[PDB]
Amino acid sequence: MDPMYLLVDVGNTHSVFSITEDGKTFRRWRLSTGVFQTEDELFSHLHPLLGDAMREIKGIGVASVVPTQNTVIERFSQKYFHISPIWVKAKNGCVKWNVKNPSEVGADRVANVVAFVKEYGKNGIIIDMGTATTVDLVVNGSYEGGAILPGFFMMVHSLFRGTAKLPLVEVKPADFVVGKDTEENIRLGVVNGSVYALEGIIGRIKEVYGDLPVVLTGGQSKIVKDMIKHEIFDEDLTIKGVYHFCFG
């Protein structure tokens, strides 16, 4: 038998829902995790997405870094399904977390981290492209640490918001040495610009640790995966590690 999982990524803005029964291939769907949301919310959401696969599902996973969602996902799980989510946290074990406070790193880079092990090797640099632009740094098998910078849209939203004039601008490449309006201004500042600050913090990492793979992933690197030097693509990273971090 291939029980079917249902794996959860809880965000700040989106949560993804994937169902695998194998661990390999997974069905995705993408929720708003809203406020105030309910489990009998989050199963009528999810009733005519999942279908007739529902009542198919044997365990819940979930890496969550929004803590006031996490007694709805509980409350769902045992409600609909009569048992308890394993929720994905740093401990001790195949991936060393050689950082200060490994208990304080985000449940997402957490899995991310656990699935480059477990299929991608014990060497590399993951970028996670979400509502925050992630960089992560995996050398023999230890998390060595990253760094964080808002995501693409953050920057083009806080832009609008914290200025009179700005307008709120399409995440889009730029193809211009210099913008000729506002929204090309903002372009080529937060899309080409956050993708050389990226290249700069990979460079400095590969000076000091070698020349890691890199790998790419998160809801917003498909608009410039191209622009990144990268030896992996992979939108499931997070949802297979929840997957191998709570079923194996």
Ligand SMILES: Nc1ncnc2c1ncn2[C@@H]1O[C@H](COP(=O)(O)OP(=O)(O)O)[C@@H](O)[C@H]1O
Contents of the next structure:
Protein chains: 2
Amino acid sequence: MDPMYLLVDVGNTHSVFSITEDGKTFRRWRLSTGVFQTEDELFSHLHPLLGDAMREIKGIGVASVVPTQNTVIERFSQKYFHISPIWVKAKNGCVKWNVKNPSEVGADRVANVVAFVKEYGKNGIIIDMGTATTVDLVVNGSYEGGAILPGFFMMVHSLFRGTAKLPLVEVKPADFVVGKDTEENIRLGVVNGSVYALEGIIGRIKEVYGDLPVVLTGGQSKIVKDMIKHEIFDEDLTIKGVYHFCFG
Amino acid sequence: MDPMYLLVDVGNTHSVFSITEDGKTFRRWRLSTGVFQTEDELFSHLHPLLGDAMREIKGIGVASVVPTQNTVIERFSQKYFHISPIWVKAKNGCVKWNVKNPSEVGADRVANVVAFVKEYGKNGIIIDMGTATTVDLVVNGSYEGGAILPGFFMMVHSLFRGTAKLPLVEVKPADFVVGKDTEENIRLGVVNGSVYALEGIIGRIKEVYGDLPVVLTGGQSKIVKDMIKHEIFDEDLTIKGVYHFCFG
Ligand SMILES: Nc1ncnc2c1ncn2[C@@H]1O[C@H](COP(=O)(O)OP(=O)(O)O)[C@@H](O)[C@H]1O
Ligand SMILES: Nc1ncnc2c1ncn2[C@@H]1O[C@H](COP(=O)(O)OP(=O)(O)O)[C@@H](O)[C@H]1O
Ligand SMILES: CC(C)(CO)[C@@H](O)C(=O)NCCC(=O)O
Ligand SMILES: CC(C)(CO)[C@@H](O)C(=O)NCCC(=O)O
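Given the form solved without the ligand, corresponding form deposited with the ligand bound:
Whole complex next, starting from this chain.
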């Protein structure tokens, strides 16, 4: 048959919920992660979204970078589906983990890499733009490590909150060489700057490890899609990894 | 004679206090800015630092990017010296301010541009690395605008506070192509990344305005100066701007 699987990607600000019956085509929703949220709250939020699909769920797979949120997901799964969720983490097998402490790498990154190696190949660089922006290097099926930078919103918010005079600027790329007002200055600095930062990190990787395909993902990737040379754009990469890790 | 002037640069985290008798050599001290600080508290902090030179101050010049602190600086000058401080502001004269609202550009950036045009030349690119990192464009003695990005610490701190899993990382350049643990990931993304972001903005400026000389300044510039191409390194640039603006 084609059993329905719930795939969860718990991020610091948002949690992605996706259902699939083949691990190839996904229906997805997004909810705020929500600090004090309960299993009943989560069921209540998902009820009018998933609809009838809710009772078809036979397996629950989760990548999570918010540990406090885990007992909530656990209780949701057990209460409403009488199953325990499968948790994405770094383990030996398809991917080699060539870093100092593999258990410390974010579950979202683990998922991204697993998705990459199953779908796209043994060699590549993954850029994931969310709350933080992440760079992950895969070489000959071995995860090599990467970079972590603040996300676009984290950056504009940090400038707003960390200074007296700066307003909160909307995230929008600059189409100019220099900003002519405060907002334009911050747009250029954060958005265009972050793209330069990413391209510079990528360039240096390529001179050591050679030319590798770049895959772009994340909720914040859309805004700057054309600004970074990439071979693949896949907004579903994390959810795909959760599927492959948990359900093959 | 050689009258002693006190120069003040009020930043969002730190305030710089400097004395000069010639506007060529500067003795300088640094304090936390301090939200609820009074004039007597400022005096008490400066007393053992300035010693007897305190009694010799004839003028007080101030660049400030924290409006609430201004009342305190004004009261300090009046109570202890019976003078009003001179405030750095964009005005017409030796610099043309070719931006939408000149009265909105930070007083420290104004001071930087005044110091540069007076001391270094008509054309240049100023990089001030502080709480936020600034890029300023000067063409034919005319201020053209710039970029604003979060500073190094602002970045590592925003990653720490904006995520569940990430620690507060020390600001130190990465000497590797990819980080092998969490701390190395953040260092590469933040410190090397921000250097790459600046090199891109600068490179793009130089495409339109030619090979302008680059000036480095700011408390955070030291750790990164061997990573950015620059013709001038001047940690006194803002304070020089305060002196030239106020005291000629
Ligand atoms: N305080 C906030 N106010 C408004 N929007 C926010 C805030 N914090 C984050 N966002 C939005 O959330 C998104 C970042 O989260 P997301 O891309 O889902 O990453 P993650 O999956 O890691 O949570 C951005 O699109 C940003 O605009
Ligand atoms: N919460 C904090 N804890 C420790 N150090 C901090 C904190 N916030 C800021 N700093 C320090 O202040 C520095 C920024 O201040 P500075 O370079 O003097 O710029 P400004 O002149 O704009 O205040 C950071 O690099 C950091 O080392
Ligand atoms: C970098 C984030 C915050 C991205 O969501 C996440 O991947 C994470 O919590 N990581 C743990 C640190 C690491 O990946 O090394
Ligand atoms: C960007 C900072 C915070 C740098 O210290 C400051 O110069 C400032 O408050 N500026 C006002 C914004 C502007 O210059 O357009």
